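The chain below stands alone and is given as structure tokens, in the form deposited without the ligand.
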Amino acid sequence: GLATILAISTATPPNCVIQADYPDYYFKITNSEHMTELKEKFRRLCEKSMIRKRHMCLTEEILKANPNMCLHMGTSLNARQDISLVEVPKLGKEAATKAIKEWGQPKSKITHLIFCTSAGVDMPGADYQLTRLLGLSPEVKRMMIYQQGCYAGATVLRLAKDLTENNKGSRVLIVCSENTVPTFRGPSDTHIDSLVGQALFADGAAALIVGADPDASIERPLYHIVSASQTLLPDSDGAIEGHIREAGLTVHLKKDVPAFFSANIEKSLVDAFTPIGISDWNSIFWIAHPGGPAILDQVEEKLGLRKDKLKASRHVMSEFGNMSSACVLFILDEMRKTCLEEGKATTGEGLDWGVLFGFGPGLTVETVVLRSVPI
């Protein structure tokens, strides 16, 4: 067969933050109102993010209950773990139940589970928690993908393709669940790159069903996963790092990040699409992890993409912020729903071939070649 996405669903915590209001709220709750210049910098970061709103399980009440999380470097990993380790599989279950209901088959037919998160590690992991919460078969074959950051929404597709194509009749449930509990922290003039995360990161979960031999009388293909590649970018060592410490997950970013991704992305397109015979990057549909807005702007400019190629990707970023691995799965869901509602000829904006990109630490570009499905 050929790995095929059969259902997609998403979930977010009910609490949302309006990005226009976030600088005042953030500098107040972190006791940082004396940092007037830094607050103006943060306002500019929030304005430039092109995020309208973000969902966050971290409410004002929870932050007031956890003052060490509101320090810049407060000893707080235990408080963060206590919140996030429950929230990650809970939000994952919400998305998974909806995807399983869309699919419409018995959960006993789920043979594999891939769980992905960077919001907190535990033994047994979130894959175990989700298996028990859902009532999956105890013999479900689990793969727990921890702490791989913003490219792992593509990673899980790369993994799912090999799992489903090498196991006749297998059905893989994929769940990505991300949140800001590990990364939220007070500001510091010494650490501007942390501020970037505070402007961008958000909560969300997405779930998919994948199989390589869809039964046309009961299942409905949405996308086919044709190929999946991964590469490290030259000379990019150390550009993005995240450390799990006593103060939570600390983020470290170098100024050069968008230039690294935009200068190297065409190589990934050439390598992925030369065997297909496609070289017109405007003739394919696009899903690009959008959590770095300058990355997409510079990729668009470097490649000469028409300004609407990234519309679905930028829409998810506007309405949800950087939900890490879940973003590209939300974008797939946005695209297939918008294409159905608008009467497009395919789930890929009327086009047959598409590309899905994950970007993250390494640097690392994950490149997935997709095919759409008619109407």
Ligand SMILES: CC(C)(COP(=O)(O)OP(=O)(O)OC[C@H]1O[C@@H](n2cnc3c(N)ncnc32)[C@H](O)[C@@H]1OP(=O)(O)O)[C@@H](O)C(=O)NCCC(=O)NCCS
Contents of the next structure:
Number of protein chains: 2
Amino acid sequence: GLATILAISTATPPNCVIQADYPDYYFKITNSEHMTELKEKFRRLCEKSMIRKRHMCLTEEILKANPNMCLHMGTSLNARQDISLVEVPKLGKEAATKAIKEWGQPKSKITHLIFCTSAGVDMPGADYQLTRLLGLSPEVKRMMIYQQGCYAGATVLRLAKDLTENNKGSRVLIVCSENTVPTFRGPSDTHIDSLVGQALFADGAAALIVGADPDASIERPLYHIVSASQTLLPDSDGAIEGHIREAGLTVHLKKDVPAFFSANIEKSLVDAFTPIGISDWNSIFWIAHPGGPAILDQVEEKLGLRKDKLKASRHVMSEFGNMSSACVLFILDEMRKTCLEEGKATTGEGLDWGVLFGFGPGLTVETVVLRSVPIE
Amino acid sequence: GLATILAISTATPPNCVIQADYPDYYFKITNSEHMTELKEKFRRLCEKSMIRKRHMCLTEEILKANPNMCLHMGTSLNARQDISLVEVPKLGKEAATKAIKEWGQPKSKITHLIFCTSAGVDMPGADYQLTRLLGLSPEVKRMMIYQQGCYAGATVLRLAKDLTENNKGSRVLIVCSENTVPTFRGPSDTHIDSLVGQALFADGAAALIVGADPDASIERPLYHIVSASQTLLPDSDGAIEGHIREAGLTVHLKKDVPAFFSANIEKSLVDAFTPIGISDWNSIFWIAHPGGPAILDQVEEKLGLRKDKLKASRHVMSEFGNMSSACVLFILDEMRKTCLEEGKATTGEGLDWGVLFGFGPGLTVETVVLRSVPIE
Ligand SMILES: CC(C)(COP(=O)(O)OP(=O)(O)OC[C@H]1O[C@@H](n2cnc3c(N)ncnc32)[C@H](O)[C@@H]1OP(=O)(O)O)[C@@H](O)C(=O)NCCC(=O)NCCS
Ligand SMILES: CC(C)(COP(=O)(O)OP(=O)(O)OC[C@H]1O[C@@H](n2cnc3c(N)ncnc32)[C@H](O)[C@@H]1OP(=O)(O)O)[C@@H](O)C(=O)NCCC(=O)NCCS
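Coords for the form solved in complex with the ligand, given the form deposited without the ligand:
Let us now look at the entire complex, which starts with that chain.
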């Protein structure tokens, strides 16, 4: 009777940028090539990011039409909203349609909708827009999770667990849709942490169907959501902040963000897995939000993870970059697809128990304990 | 085993405005006294609003320091954010402290926090700020409900029901905190619907403790949350919209908003109460979001409600105005207090079953079915 993931799909905007080409493109389109040292610093950030490509619905053409978006602090929120508020549900609809097709049931059986984005707020919200675009029932029970940043891919699983398990027959559609329209901006030699965001953030959407008590004749379980926790890390106030301003969403990142997450992550593992009798962190499958490669590297080092535990998470980071809440859902899709292709015994890389982590502002750690499903 | 409201408290900023004096004050502080006809129109709106007073943390002094807030469309989002993002959790903390005192248990027993506001978004959110201000456990499970407008006082009860009932031992703190900092603006003879907002919107916060399985030795039930639904009204797209812009939160209201809600409300009553065997809408106690007096008047007329059914809802509207999500929680507090004072048989005006309605963008109707508790 646990909430069960029944289908997962993803979508990205067509427009792609090769990370190796990005420092030249970025410093040219923002008219900052005279910033020779800052460009080389950005080059190092992009090289160290461990990202091969990123999708961005923002094109050279759109940026030329909105030049204040290319300044560091140009007045541009209205322009960003005009673009993003249409894009967020549109990209989410692409992912949702594919998830519903995989699931194979009529959309009239979707009783709940969770929509999640940090790319722009509006009233009514992206949940309303998606409900109308998909033609969901007017009576769909909606939860709109706005502006919760990079841990929210786990938040929506924590939410979906309680919705589906407390409501017999319920089926929840989850949609996360994120993009760089509010955060893209030109460079500043007094805002290096803003450059880090320019090296990492990307567009993407993911959609899931979740329900308790699957009908084995028509539905196929992929993961079970066993537990979901959330905690704030000690002494971490101010380490990640994002402010919605006249210049868009400004991003503020302290250098010891990776150290906070790696220094505290084992406590979440202990609290989540000791009650189950589990203590070997290499004996569980891992989905870790790739907020940056340094978070994943330092967690790996601190815990002594074998070097392939984080392969699925690093693969999504490499092929898609930091798509905020969407990343962990992309990673679940990657792992179950790869396990089916490679003939593994379970959707969790042949292991039975797994952990999914969201990392973001607070500092907040979201810890979800999963069970895999056998692949017969 | 139903989610049960165990404590309710409210808070308002000290600064109060008498509605009879507001047209003169408003047209003076916005430098618009030459708008003689528009001022009289605003006078009629304030007279017809059925509001006696409103609380607003915004003072003449603060508005003088932020003159772009007094224009109709002056660039002012940064100024509004600077004020509102501090005020929202501060006013919420005042209500939360009082609710926790009423409840009487240690704040370490609060396992979940729902924070709700449409007065300003930030990362981390007001839930984070409140957790630190109150000293809740770092492991409190937080849900941040941003920008869902006037139906969200019911949304948080719908959310709290599933959180508490799916988690044994859980106790949820709900805080709604709303204010006029993002919406206050000067008048425009081409934006009459914006004037309607200036006549109606107000500041306030409410806080509740909710939990299933109350401990009768230490806790006192006030209401049980039996069911919670949400629906979009047919052909209503665009009737209420709110946009987060460089000039703040702009408000857009069609004239037939009251007709949409009154024409469709009985369907929600039918769906919610027919399965319980209830059809007499005068036989249940009522909590109705006072989005404007015309909504309450037209619902009353359409359904044939006796003229005192909406007394508690109209009382809160009169003494506090439209505080968005906080209103329905103020009304629950008023009704249980009044019923205790007047010696009624139940916290629901002596009736056993009750309905609580949230109204807002979509158009969305939130329908919560309540049970009262006997007063011995
Ligand atoms: C950004 C990142 C990929 C850079 O990788 P790295 O080069 O191996 O790490 P380094 O310490 O060598 O950083 C290289 C340079 O960027 C600077 N830098 C990195 N993070 C920075 C930050 N948050 N603020 C300011 N400068 C920063 C470093 O100081 C260094 O500058 P310098 O060589 O001129 O002295 C890596 O630091 C990372 O993944 N950080 C976590 C990112 C994060 O916070 N994600 C959450 C976003 S919501
Ligand atoms: C605003 C309100 C109190 C006015 O009460 P009322 O005077 O009895 O109703 P009226 O139709 O006579 O309105 C008076 C005037 O305001 C105008 N008006 C009212 N609502 C308006 C709107 N949404 N847009 C533009 N004008 C509006 C009317 O046209 C009328 O102007 P006029 O006399 O010069 O022709 C009442 O209409 C109400 O409660 N409306 C619902 C408010 C609402 O939408 N709340 C949700 C906010 S999120």
